[PDB]
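Let's start with one chain on its own, the form solved without the ligand, as structure tokens.
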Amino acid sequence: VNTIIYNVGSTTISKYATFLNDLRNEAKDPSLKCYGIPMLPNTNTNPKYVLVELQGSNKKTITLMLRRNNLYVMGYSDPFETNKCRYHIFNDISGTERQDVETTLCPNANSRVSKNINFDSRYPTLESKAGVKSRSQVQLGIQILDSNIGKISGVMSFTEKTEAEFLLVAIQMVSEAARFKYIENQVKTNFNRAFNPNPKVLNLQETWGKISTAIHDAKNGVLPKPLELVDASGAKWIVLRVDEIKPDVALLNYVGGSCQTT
């Protein structure tokens, strides 16, 4: 499992763009692509995981564990006390995978401490805990990310609103940005300030699966059935060919079987 390092505490927009292209390269499958878009691997390709180490301000760090197959966050770790690695598995990781988030985020036994996340990773959950009606009311931004790392890393007690707010900002900034070129550019365009998620960033997050299947199943660039979407103002946005939506998407979720490659 490889780990990608990015310094949040001191960055430029290129430094954010390189990180992301190292995540995409590392996560994607080596041969599959539909219409020039990289596709994520089947569950069976090894390695199964990527680690994303986030360096905040004041020597604060969080290592984010992700699955290659669908780039979701399984949980995170932070340095705790002198020599402990504290791992935090999301409530909805089960089976071997739970031993796998432990073993991979904190590779040395003797030093491990558990502090689970007592809620699942779905956005409606994370919003109830932030105590907000919609992620859209919570601002995103590099300084917001840094400052949230600093509310979580090496702190004895931290509250669910604090934790959900960290994960809303970090899943959107790392896994949503990497799947969508559109969300990456929203973050580049506002790099020096805080900004509210617009309807399209939110809509793109929630329809990725359907987008991946449409694109895979498309013949001659024509999508199987029109794909109703929402744009940055809230307006119904209806795309029909792969060329419409492909600017906005960097990685495809796995769908098996063939598709037009290039």
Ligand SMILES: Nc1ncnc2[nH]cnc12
The other form holds:
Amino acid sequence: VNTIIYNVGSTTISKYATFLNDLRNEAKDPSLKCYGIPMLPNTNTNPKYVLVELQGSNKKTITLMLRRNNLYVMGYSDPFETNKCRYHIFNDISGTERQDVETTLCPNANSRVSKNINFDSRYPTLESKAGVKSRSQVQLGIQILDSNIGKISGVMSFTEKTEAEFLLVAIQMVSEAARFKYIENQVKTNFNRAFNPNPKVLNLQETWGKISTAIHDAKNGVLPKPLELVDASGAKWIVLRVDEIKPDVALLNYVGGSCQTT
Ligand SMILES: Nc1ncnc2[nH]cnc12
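Having displayed the form solved without the ligand, please output the structure of the form deposited with the ligand bound.
Whole complex next, starting from this chain.
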């Protein structure tokens, strides 16, 4: 398991681009790719994970554990108390993967402490815990991410709301950005300020699975069937070809079988 380190407390759009670039290259399958878009690996491929160390301001850090197969954030850890490593597993992680999260994040069996995330990683759950109707109401931003890291890293207790806000921002600025070039660019355009994710970033997030399947199954650049997405204004957007959606996509979800690689 390789860990990607990203300094949030002090960065540039150039550093953010490099970070996502390293993550994409670490997560992706060495050869799997459809229409020039790299695809995530089969669940049998090792390693199965990749860590993302987020270095915030005032020496506050949080490490994210991501499954390479689908780029989901399975949990995170933070330096705690003296020399402890506190791991937080998502409620929706089951079986052996739960031990993988604990032992992967905090390799030292002697100093690790547990503080489970008592809810799943689905957006509607996170939104509900955050106390909002939609994550569009939750502003993203580098200083916001930095600020949320400081509210959790090394802090004994913290509200489910506080935790959900961090997860919302971190998942979008880390996992969603790595998957979509469009989302990465949205962060870069508003790099020095806070912003509300638009109808297109949120729709892209919610349709990644469908998009990945449509591109994998596309014949000579033609989607199996018309794909109904939505643009930044909030208008319906019917994509008919790979060429129409590719510009916004950096990584494809793992989709079984062969596809046109280039
Ligand atoms: N925890 C998570 N990480 C990445 N993508 C997600 N989509 C829904 N939950 C997610």
